[PDB]
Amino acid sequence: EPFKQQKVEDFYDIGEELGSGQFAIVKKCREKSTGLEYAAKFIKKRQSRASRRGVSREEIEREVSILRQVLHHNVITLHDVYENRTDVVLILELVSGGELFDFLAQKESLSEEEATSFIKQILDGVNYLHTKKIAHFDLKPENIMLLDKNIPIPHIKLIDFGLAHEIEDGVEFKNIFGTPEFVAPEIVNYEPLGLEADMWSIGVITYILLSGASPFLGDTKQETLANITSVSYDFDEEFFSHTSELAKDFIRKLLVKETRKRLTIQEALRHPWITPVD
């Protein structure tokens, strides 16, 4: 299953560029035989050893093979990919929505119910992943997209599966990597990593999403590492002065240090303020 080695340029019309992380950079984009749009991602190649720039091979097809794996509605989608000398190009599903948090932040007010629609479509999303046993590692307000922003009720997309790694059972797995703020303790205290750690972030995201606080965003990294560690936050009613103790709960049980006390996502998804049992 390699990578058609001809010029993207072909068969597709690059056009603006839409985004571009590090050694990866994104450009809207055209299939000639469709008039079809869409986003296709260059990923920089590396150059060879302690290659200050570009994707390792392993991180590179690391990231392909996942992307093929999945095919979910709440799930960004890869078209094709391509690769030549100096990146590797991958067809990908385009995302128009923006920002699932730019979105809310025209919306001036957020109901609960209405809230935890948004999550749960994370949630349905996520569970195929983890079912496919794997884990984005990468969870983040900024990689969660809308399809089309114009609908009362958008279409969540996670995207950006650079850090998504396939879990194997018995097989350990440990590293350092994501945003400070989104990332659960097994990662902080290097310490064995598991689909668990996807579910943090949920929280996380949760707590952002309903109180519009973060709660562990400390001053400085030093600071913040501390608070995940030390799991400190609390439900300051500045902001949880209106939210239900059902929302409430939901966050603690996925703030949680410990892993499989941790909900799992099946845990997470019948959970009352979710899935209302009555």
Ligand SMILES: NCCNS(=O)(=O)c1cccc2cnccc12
Second form
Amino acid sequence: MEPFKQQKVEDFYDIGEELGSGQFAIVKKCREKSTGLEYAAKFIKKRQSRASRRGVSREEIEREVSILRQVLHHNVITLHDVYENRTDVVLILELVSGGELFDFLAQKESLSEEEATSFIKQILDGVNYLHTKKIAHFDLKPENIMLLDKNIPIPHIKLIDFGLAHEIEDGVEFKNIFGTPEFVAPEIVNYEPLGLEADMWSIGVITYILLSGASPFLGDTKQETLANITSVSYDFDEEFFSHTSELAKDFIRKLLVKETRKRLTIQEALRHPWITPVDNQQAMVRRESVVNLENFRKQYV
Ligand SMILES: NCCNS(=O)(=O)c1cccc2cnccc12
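Given the form solved without this ligand, state the structure of the form solved in complex with this ligand.
Starting with the chain above, the whole complex follows.
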């Protein structure tokens, strides 16, 4: 098991602007002095003991690193190196400086469902690689779908933040409560057995929001949000879904299913007609169907 470098990160990197933060990790933009190449440095604060309200445990850091070290894919963030001092364990990761997918979408003059499925298909490709390796992401949500270079015509998506990711064991049961309520599967809220299926639910939510601007199960309070999810109470309200094709809806509807066995696995979602058209007729429908960008820009900004 590769050991973490014990040197001071600042002796090897020039630390720069803050890229983001969140709970127990601050991500700063850095540059290695020897090579001159740029990266992003994720400082994870370690726990003091175990009750300790501040910090992440050793296991959960070692899990994340273990998982990150396995993954080399074009739609997934790649690890460069790991450092450690007395307070923080610092992950030096690929620099993805294109911002969030949704921020880029929110600036477009127009967006067809074909253009939409391009970006969704990248997310699917990435999740397929993970799932083939029996790795659940468990935190798929818009702010975790980043872009490399927004200045190109079709930006390239990179999945980030594997802090809740987990290797799925055959025969072993895994239950936990985590994630952002708005995007979590029913099995998470119910504290029922989890697996690869939860990611597919969250792709459903992501697609629902991407096409419409509205969130499927979001309530006025966390309570309401959780009750909507558990009953699977959403609709395709024509105020948001008048421009939306039947196939787009079929896709979302087969993902947002309570029964984990009946939900689409990743390989099925890649092969869905909305992602992979079977004839040239349905390819035209997708190219002609538009997304309502103002509904989207309103619920974003
Ligand atoms: N707490 C999440 C902070 N998100 S973030 O700073 O944008 C961010 C998080 C993780 C990896 C990144 C790689 N490159 C740029 C930014 C990155």
